[PDB]
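Starting from the known structure of chain U, arrange chain Q on it as the hints suggest.
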Amino acid sequence: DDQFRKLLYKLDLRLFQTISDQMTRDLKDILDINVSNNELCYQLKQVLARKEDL
Amino acid sequence: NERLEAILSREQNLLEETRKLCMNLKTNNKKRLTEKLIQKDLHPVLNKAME
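Just so you know, the protein sequences line up as chains U and Q, in that order. Here the authors' numbering = 1-based position in the first sequence + 162. Here the authors' numbering = 1-based position in the second sequence + 254.
So here's chain U without its partners, still in its complex pose:
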């Protein structure tokens, strides 16, 4: 019947769905960056060894 509460509930749907997506993306990103930092550290060690040989 009323738009005003209707778009209120629509932006509520926006809030909860973006929060759920942000939760999943942030946790997966935490794990992914936690392993990618170790991989990049191994790459940095390889680069340092190549620099010493060079």
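Hints are all accurate, no fakes.
Residues from chain U shown here face chain Q by an in silico Cβ test under 8 Å; the list is partial:
id, residue
1, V209
2, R212
3, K213
4, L216
Computed spacing ranges between beta-carbons, pair by pair:
id, chain 1, residue 1, chain 2, residue 2, range
5, U, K207, Q, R257, 15 to 23 Å
6, U, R187, Q, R264, 44 to 52 Å
7, U, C203, Q, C276, 45 to 53 Å
8, Q, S263, U, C203, 23 to 31 Å
9, U, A211, Q, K274, 31 to 39 Å
10, Q, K285, U, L202, 57 to 65 Å
11, Q, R257, U, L170, 58 to 66 Å
What the hints contain is simulated information worked out from the structure, not anything from laboratory work. Note that the Cβ used here is the ideal one computed from N, Cα and C, for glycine as well.
Using the frame of chain U, we list chain Q on its own:
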């Protein structure tokens, strides 16, 4: 690492150029001894310097 790669490339180019120059100078000196002053055109007073 890229900067040191460029430095090594320049140094290796200089080393190859210097070694090529040294070998070219050695062969050029040998050829100049063989083809210029050991022939019959050598002045007889330089025959003892050559000896």
